[PDB]
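What follows is a single structure, written as structure tokens, with notes after it.
Heads up, one of the protein chains got dropped from this complex, but the rest are sitting where they should.
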Amino acid sequence: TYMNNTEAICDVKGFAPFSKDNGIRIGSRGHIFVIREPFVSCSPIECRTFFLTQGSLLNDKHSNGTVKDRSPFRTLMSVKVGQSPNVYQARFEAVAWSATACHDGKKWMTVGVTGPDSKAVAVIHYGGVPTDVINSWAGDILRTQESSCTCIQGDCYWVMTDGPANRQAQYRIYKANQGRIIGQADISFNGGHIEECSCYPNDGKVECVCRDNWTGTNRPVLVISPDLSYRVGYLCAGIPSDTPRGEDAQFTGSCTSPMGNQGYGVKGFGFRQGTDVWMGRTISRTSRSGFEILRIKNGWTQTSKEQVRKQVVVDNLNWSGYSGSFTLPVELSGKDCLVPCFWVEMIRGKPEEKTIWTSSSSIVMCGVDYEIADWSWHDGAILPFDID
Amino acid sequence: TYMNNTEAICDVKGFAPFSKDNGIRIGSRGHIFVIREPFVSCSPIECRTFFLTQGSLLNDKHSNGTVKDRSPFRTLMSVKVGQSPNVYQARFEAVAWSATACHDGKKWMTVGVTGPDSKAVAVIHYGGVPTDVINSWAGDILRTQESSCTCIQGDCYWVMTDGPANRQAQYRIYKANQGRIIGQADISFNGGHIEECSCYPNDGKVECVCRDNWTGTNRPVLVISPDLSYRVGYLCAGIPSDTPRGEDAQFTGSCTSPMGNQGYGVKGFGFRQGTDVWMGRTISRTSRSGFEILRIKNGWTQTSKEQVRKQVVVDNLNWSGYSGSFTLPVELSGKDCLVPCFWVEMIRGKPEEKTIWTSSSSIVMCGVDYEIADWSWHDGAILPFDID
Amino acid sequence: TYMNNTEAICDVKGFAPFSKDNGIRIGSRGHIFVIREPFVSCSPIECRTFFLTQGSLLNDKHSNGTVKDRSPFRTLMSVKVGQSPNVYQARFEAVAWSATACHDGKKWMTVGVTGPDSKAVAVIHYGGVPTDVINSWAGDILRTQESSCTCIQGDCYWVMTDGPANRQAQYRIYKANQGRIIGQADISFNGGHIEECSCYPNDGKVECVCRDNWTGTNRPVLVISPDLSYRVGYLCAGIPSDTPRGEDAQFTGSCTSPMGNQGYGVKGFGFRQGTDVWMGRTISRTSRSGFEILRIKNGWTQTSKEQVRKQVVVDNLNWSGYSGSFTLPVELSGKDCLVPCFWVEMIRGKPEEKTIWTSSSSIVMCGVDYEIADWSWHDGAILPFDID
Partner (left out) sequence: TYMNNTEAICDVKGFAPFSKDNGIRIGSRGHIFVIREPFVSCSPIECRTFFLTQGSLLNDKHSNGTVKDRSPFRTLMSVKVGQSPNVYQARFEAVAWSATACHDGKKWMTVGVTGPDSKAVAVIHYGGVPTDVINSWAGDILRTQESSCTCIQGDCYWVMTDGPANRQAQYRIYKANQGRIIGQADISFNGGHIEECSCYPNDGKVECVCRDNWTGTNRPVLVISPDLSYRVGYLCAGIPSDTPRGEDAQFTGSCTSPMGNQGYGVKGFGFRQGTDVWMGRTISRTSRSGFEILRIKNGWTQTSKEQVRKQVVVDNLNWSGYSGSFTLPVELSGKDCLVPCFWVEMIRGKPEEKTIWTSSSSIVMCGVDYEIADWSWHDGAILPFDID
């Protein structure tokens, strides 16, 4: 039977640890993939950790230059959540240097975007096997979520991006059924910039918090019905949640325009909670260090700065990076609502550390009905390694 | 269908080897987790070995300082009983530096206690996924069994501890249904001290033999009905089974007060056999070396010192440590009673041995209807390793 | 139920990446088999990568002299497609230094040809276990496809070769039911030479594109009905697709005779598309470097040189080698036709590279309904390794 994602998001007060794989501590000795862009998505029965291997292993010469973004050695693979991307537990999913994946109830669907920058191709897999394709429509680095896609009653939805990195690109939504694409929509976002959308089910529609790599230090927001009529804009909250951003007092919020004049960005997430919003952001406003998630009273619908709850997952002396969203299916949590959950990627090595390589580990969190104490579940690996 | 644990414990005469993983011999070369606190628990169809990784691997720099108790790299994982905690066979269970886990018939439930000492959080998993939480109630190192919890007809029960290590702490019982907590009880044990309870089903109620880290060299006993009305005290037996303890002749037994004035303690187990009790204790009365289990005529209900049976599992020139309890479900043994079984952890390295690390291996035993010869199935690994 | 392969081949316009295992990059450090002759074949539910281990591992002394073709250490094993032939994921299939394997709907059948050259023996497995045998009939290196066999409604068909390497050998077809051989046919190909046939289902019959190691620089073609009455000849196309071959202008095509007077050859594939043919060939006309696949208007039935479509999978500065065919069962693709798919093997080391060993990696491709951009998904491993 097709899996339900009609339900409302559980209003949550705090987040509790789901997992931590220790891939890089472990990788010092064990056989673990050099990766980046880890993410999570769940089936009726398990939660899995997708990721992009650099086609090589930690502590090996082949991990040299693994800070590069797009190589033909790049693949998408998966493991049981909390397990490290070690060679002997990773399932093959797709060739990809940009990806997304989710479950419709019956099988896994995955999108693998590889190829030359001018002409990338996204290969849709369903049941492990290629089913459909989208070729680059704008000829400049076709790319997508790097976090779980979404499936609401058998049909799956996700967001991609083609175009320049620091100017107006173009944003499309896609809809498929059993690995087969059955619809699409071009997003009208003049003067806006949408990348790496962290989405989730909610009230029967798809809500994504995405990244502005142009000017905004606030995050684009895209709310998608199944008929593909969307509504697009930014996270109302008067608090900047990109990185880099400016200070909180020094920020004016907007549900409509992008705000701040800092370039660049980082992947991040938000969860609408009725009217409030849980937002994640690296602690450091400049560097990809630390992590913390804030509940803001009415920060989704209104430009509020009212932080009702704060919690720290990675402290500021520790590295982090990307973070994103996914939900536990009702068939997994037994809850009458879709538990909000997230994960943080924790990058180590180059460019900041004295290694020939770049990789990352993760900690997954999940929404419980109480406040959880602050702590720092960091990567915790000693650098350099021996290959360095 | 929900699994039965109504049954009576098989009166057993001796214990026969269930398994031995050789993790540290194997770990010299293979990829095995640095761990401690191994334990066992069974499903309708398999027996599994839970454990706490130090988020690192044997023979690796990251195994340095792995004598520490609570790090954020700490996780709970599982394998098939007798298999070593190697990377590629370990399933992820929870983030934990203190834990317990069991099966209700339908899925696995696990409790993962991590966080800062002042404010620990216990994350209940069921079916791999977080379902409920308990925050530290006394602000000092929330902790639990480090041995299998217990599930009697679909509802699961276990014992935790918050408070100081060597004075009056506070002890709670918890009850849950499918990862969801549905009841609790505060244990009244003034002048008593309950830790690391080794429990099991018996006559339809939960019986635990726990650790006194305060003064007692005998072990607390807690007998728990499903309505959460308990009865608490010590193991009547006139023989001390903690470590360190004093000699046997130099010991007065009590079902009520703690006895001996030695501090400290170690995790251990007991099995009520009608009126008698099987008790495990490290051979050495001072050091964590050797192991042996004694049947005492009427040592559960009365303060007897009558050893009807003795058996040695690890000899005194060999290291050991923690030991605990679990049962084979009727759906596994075919017996009309719940076979008593136990395991012994065998610690090696720091603090006693010339290594940068600390870890342990295990041998599981099980109740058969005959006396079994003495022997010593020790860890048997050659120290130091190369990383040392 | 027995699996269908009655259907027609999907007319495809371009091919999109199915997988890439990175075995040799990975093998630098991880535990991967030294292999050659990888290939693919699918079940109702998964696609698997068969291969021939050299009974040893990459970066190990035992990988010395692994350029040899036939050793008693040679075995056939399998993994999930896209996974590398690593020790801990490889299933055992058969002892073989030449092989083929496929699925009939119920279980896997595999043929393992090992033994001395003068008297080889092919062991048919079905369900993992030996079921039937064929002894060498001509006493000179009994051998077969090194690419998936074919199963059409419960009965499986494949092609073997006994005899000299560079003169008239002898070619047989075999037919079996559940690992049991129920028919055979001697192919009459005087002055022709058939080896390493790359086959697939199509319209209810078996079509193979094979290798001419005698004189032809075009490829033998064998079309096989289930009654074992075949029709044999060469690929009409006026373009040479063996290696080595001569130039395209300097080639006269023939559906009947072999063409070119270059000896040797390499394994390769073709897909009939109604009247046109997709053909693969290494880019370099002399060396086993690069790869590319061309659709030729009416090149199957007529001696045409009309290339309607071109696509490059491995560029000419990169190594490749063998390539072959297989299809995705309708029960896997949901398509009303059997998606054509192929894979390319990418050899590295000896004889061309400064290593003591020889091995290879793979990229699998699959037929989609659009043109896919050119690129080069090469092996990408840095040579020599440390063992060298």
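Order as written gives the chain letters A, B and C; numbering starts at 1 within each chain.
Operating definition for what follows: a contact is a pair of C-beta atoms (placed from the backbone, for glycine too) under 8 Å apart; a residue touches a chain by one contact, two chains touch by 3 or more.
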| item | value |
| --- | --- |
| Partner chains on view for the chain not depicted | B, C |
| Touching the absent chain when the full complex is considered, from C:40, C:102, C:123 or C:346 | C:123 |
| Selected from C:60, C:374 or C:388 as touching the chain missing from the view | C:60 |
| Those residues of chain B which, in the complete complex, touch the missing chain | 16-22, 25-26, 28-31, 42, 45-47, 80-84, 86, 88-89, 328, 332-334, 339, 363, 366, 368-378, 380-382 |
| Interface with the undisplayed chain - residues on chain C | 31, 53, 55-57, 59-62, 71-73, 75, 87-88, 90-95, 112, 114-116, 118-121, 123, 126-133, 135-136, 178-180 |
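The definition used in the following text is that only the chains that are shown with their structure count from here on.
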| item | value |
| --- | --- |
| Per-chain Cα centre nearest the global Cα centre, belonging to chain | A |
| Approximate Å spacing (C-alpha centroids) for the pair chain B, chain C | 56 |
| Sites on chain B at which at least two other chains make contact | 88 |
